[PDB]
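Below, each chain spelled out in residue letters.
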Amino acid sequence: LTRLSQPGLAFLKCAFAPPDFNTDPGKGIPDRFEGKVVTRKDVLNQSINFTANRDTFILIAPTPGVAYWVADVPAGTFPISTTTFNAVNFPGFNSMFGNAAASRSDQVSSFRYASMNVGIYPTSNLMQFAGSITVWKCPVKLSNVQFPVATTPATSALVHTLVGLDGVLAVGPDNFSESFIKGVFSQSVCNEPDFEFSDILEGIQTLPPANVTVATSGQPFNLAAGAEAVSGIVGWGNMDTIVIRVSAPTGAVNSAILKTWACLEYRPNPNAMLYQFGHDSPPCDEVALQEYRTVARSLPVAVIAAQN
Amino acid sequence: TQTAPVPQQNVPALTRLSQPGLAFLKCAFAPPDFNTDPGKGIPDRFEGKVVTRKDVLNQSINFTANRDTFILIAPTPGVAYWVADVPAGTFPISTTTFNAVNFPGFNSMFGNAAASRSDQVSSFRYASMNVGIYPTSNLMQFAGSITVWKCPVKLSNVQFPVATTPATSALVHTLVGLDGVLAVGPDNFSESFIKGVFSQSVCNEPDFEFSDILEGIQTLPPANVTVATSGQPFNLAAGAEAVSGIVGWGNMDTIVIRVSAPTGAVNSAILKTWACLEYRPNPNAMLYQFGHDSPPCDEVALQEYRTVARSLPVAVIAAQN
Amino acid sequence: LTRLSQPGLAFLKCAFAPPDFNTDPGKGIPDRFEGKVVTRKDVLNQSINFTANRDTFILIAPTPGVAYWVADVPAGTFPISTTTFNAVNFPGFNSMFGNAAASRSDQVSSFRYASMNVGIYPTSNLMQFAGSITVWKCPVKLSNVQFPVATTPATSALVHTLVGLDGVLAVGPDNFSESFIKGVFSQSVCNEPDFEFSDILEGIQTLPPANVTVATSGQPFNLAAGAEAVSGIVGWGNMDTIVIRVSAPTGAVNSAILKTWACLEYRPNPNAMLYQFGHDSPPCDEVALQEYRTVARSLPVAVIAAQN
Amino acid sequence: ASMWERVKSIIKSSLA
Amino acid sequence: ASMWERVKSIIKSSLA
Amino acid sequence: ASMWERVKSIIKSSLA
RNA sequence: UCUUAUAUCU
Ligand SMILES: [Ca+2]
Ligand SMILES: [Ca+2]
Ligand SMILES: [Ca+2]
Ligand SMILES: [Ca+2]
Ligand SMILES: [Ca+2]
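The listed protein sequences correspond, in order, to chains A, B, C, D, E and F. The first sequence begins at 6 in our numbering and counts up by one. The second sequence begins at 2 in our numbering and counts up by one. The third sequence begins at 6 in our numbering and counts up by one. The fourth sequence begins at 2 in our numbering and counts up by one. The fifth sequence begins at 2 in our numbering and counts up by one. The sixth sequence begins at 2 in our numbering and counts up by one.
A portion of the hints provided could be inaccurate.
As the list claims (entries may be wrong) - Within a straight-line C-alpha distance of at most 27 Å, the following computed DSSO-like cross-link-like pairs (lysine-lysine) qualify:
#1 C:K46 <-> C:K18
#2 A:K32 <-> E:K13
#3 C:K187 <-> C:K18
#4 C:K264 <-> C:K18
#5 D:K13 <-> B:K27
#6 B:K196 <-> D:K9
#7 A:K46 <-> A:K32
#8 A:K264 <-> E:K9
#9 E:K9 <-> A:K187
#10 D:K9 <-> B:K27
#11 B:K55 <-> D:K9
#12 A:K264 <-> A:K32
#13 C:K187 <-> C:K264
#14 A:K264 <-> A:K187
#15 A:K32 <-> E:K9
#16 C:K46 <-> F:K9
#17 B:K196 <-> B:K27
#18 E:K9 <-> A:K46
#19 F:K9 <-> C:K187
#20 C:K18 <-> F:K9
#21 F:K13 <-> C:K18
#22 C:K264 <-> F:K9
#23 B:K55 <-> B:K27
#24 A:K264 <-> A:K46
#25 C:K46 <-> C:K264
What the hints assert, rightly or not - To give an idea of the interface, some chain C residues facing chain F are shown, with a C-beta separation under 8 Å as derived from the structure:
#26 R8
#27 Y280
#28 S303
#29 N313
To be verified - Per the computed footprint, the stretches of chain B lying under chain C, defined by three or more beta-carbons under 8 Å from a beta-carbon of chain C, are:
#30 165-178
#31 200-209
#32 230-236
#33 301-308
None of these hints come from the bench; they were simulated from the model. Quick reminder that beta carbons are idealized off the backbone N, C-alpha and C, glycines included.
Turn these sequences into a full structure, and let the hints guide you.
Now the structure itself:
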């Protein structure tokens, strides 16, 4: 493929087949910008036993620093307004985003996603597993909600709110489902015509933020990054969210290796100590950029872990 | 002379351009000519899941004598136009308040409550936005002129300190660029009312990105925010939640039309407006059913689009639509 | 270069060599957008006496209307939490943005930066001067901070915040340093893959906002536009802030002329009086756009004054 | 005549 | 196959 | 040298 | 790889 640039081609690689190489090729987004950046390749490997007779919901969202968001519910049900998704961080979070709700941008200021994958590698033997895996994607964007509050001068509140989480409550005609033992592999893709830099947000530990009701936010349910010294919502990139629903009957022993990948381009702060690891985003690769979009529209919602 | 027919529809070389490419320009500058809307999507770099909504409004409208009626065709998903009239010879004042007229299928699409707006669609992006006024008056009793101009009204924020005992600082939504409605813009179209008009808008950005759905906005300025605080020249009320609302603000210059009927005028017209949107459908929504992929990059459709729009008069008379 | 377009060539000229033409050739950005626009060619010339035994920090940020932000500190010291950068406007601000915090868009609604250059031309004599000039660019962006206040009905607050100002706290690894009497000329470049329009913001005089601790904003310091009839922060462009640190030892007699250029494309409002001066943005010039990026890339972070 | 008629002609002119 | 061997083929399709 | 003199050189080489 | 719906164009 002697039309693609060295990096145009590494892009495609990191983008769609991370697990197929000894070490991650990814080397930045071959678009027009060629500013100073630091490409970070977050990987999370996790041994996990899906709780029996429950429906585990995993969300692979474009929230820098956190690998996935999980929650479980009574089998056959979906997250209700009372449900809270908890965050599972990729290694190195604090080293990257601090440990205070308002120190998110000490090291880095903005970021853009170049990749986001997930794979489930069943580990149970042929006599113990039972359940299925279902995947679907959803355009959840981070918008705002404006509502009058009854303070004294008498205000009007404008706060952050996730829009599109409503599509978590149902498996659409565009899904992948199959026996748990088969495992899965999936990728997300840029949900915008271009690849722009997203700003780092400050002080979001939970969404809806505290002292705002779910119902006010308009979110079907809520996401909590938890304690500020442990994790946080530092942003929300331009990728569709990947919904994974693991289902397991009682008596089943369903275990797997959860693996997540996310390649991103960060704008290093000259004061940050990760700066000297920086580089320039690579030059425009018209062919890679095109081939990216068509390959994207050509793949299935997901595939079994045997072809990954 | 006399009045132009009314476009009826759905009544049962140029090769360099891709198929979806052509259908895009067609919908973008002249929808009234086709029996059916050719539109499929925006032939740009994005090839994701979208449902291309085709909004059309057929609105009977009487322009009341001895007033200037102001019509705003703004990129607010679900509502076709914002109207208001003032004393003849004047413009909107802080006191003025534009009420919204919806495209059919609003609640079906955006719900019946202010925080229910993104239950089925998470974001959108305009492909086209056109208006057409077809006068239905007799050539003996009409009077007045029609004037079109376009403003680059964008949706920003207003940061202002409040007198809350812990004591705070506010940030609320505010329309920037609305003072444009306050004067006939130099680049405008003006003609006898009994001649109608038909004008269009184009994307006001070098590309076509997705705007997010906005929750809980009914009036703008929002309640408990005065019109002086927000720094706006007037208001935009969408009414009751159950009725309408402002669910977003796309990247299209808003079209301003001012009808001006002197006293003793009998001015009535058929208002028709078209807007083609590309939405991001939610797996839980039924429209999800009708989703398709946005068409692929048509570099020629995309450049031609830019040049055609720049070669067209700000407005044209009906007869020539 | 007659492979390039006329308007395309100018774009490059204003973008990189403003001081070289007997008249600003810049005539708009040669990208896809071709709508109405008035171009503003902001130039500020200012004699400046750097205080001795102090490090003076200048910031050329993409804030329409103000030429730069200044502040000084104890020599060999960086700006602390209690520091306050003060705005210095380009001539004719009130004419473009009024004299009231919520009356910034009467004339203009939007704007995009075509260029932003800075120049220091020392005027001290070769026996009094002492010290140096150090330049580094930072990717500061205007983001938001969310924090629960304690008002009675009790609310969650969302307010403007600058992310990436922590970069002003150290000399960036990529920088220009040299004798004071050698002067400097530096230029900034768009910090996004493209050139999108940015909105005019209302009611902003100081970031951190009023009635907000520098500590909750998560900002290392405080940018003050000052009195609303004088200046204001009307928007945050997509260019890296050029940070200049002049540094006069004790007994130094350091004086210069601080020139500062910024060429913009605004969206004139039909009611504005500057409207009749507008034209259309020049049409796409793929070559101009491409070379804009590589030129930017092959230039030093800054150059001594005699090389501009 | 029509808007599309005019648009069509314009497109043709620009393409050739 | 493998995902890169699937991807590789797609690219070879529309590059041909 | 001057600036333009610097950017011209560059630009001439990336077009050859 | 030919017949069938339909949408396209000089
Ligand atoms: Ca863009
Ligand atoms: Ca909802
Ligand atoms: Ca954008
Ligand atoms: Ca105003
Ligand atoms: Ca900070």
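Hint by hint, here is what the structure shows:
{"no.": "1", "hint": "C:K46 <-> C:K18", "in the structure": "holds (13 Å)"}
{"no.": "2", "hint": "A:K32 <-> E:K13", "in the structure": "holds (22 Å)"}
{"no.": "3", "hint": "C:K187 <-> C:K18", "in the structure": "holds (23 Å)"}
{"no.": "4", "hint": "C:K264 <-> C:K18", "in the structure": "holds (17 Å)"}
{"no.": "5", "hint": "D:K13 <-> B:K27", "in the structure": "holds (14 Å)"}
{"no.": "6", "hint": "B:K196 <-> D:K9", "in the structure": "holds (24 Å)"}
{"no.": "7", "hint": "A:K46 <-> A:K32", "in the structure": "holds (10 Å)"}
{"no.": "8", "hint": "A:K264 <-> E:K9", "in the structure": "holds (23 Å)"}
{"no.": "9", "hint": "E:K9 <-> A:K187", "in the structure": "holds (24 Å)"}
{"no.": "10", "hint": "D:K9 <-> B:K27", "in the structure": "holds (9 Å)"}
{"no.": "11", "hint": "B:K55 <-> D:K9", "in the structure": "holds (22 Å)"}
{"no.": "12", "hint": "A:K264 <-> A:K32", "in the structure": "holds (21 Å)"}
{"no.": "13", "hint": "C:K187 <-> C:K264", "in the structure": "holds (15 Å)"}
{"no.": "14", "hint": "A:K264 <-> A:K187", "in the structure": "holds (15 Å)"}
{"no.": "15", "hint": "A:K32 <-> E:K9", "in the structure": "holds (18 Å)"}
{"no.": "16", "hint": "C:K46 <-> F:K9", "in the structure": "holds (22 Å)"}
{"no.": "17", "hint": "B:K196 <-> B:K27", "in the structure": "holds (23 Å)"}
{"no.": "18", "hint": "E:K9 <-> A:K46", "in the structure": "holds (22 Å)"}
{"no.": "19", "hint": "F:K9 <-> C:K187", "in the structure": "holds (24 Å)"}
{"no.": "20", "hint": "C:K18 <-> F:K9", "in the structure": "holds (10 Å)"}
{"no.": "21", "hint": "F:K13 <-> C:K18", "in the structure": "holds (14 Å)"}
{"no.": "22", "hint": "C:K264 <-> F:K9", "in the structure": "holds (23 Å)"}
{"no.": "23", "hint": "B:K55 <-> B:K27", "in the structure": "holds (13 Å)"}
{"no.": "24", "hint": "A:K264 <-> A:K46", "in the structure": "holds (13 Å)"}
{"no.": "25", "hint": "C:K46 <-> C:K264", "in the structure": "holds (13 Å)"}
{"no.": "26", "hint": "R8", "in the structure": "holds (6 Å)"}
{"no.": "27", "hint": "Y280", "in the structure": "violated (33 Å)"}
{"no.": "28", "hint": "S303", "in the structure": "holds (5 Å)"}
{"no.": "29", "hint": "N313", "in the structure": "holds (5 Å)"}
{"no.": "30", "hint": "165-178", "in the structure": "holds (count 10)"}
{"no.": "31", "hint": "200-209", "in the structure": "holds (count 5)"}
{"no.": "32", "hint": "230-236", "in the structure": "holds (count 3)"}
{"no.": "33", "hint": "301-308", "in the structure": "holds (count 4)"}
Violated hints amount to a single one, hint 27; each of the other numbered hints is respected by the structure.
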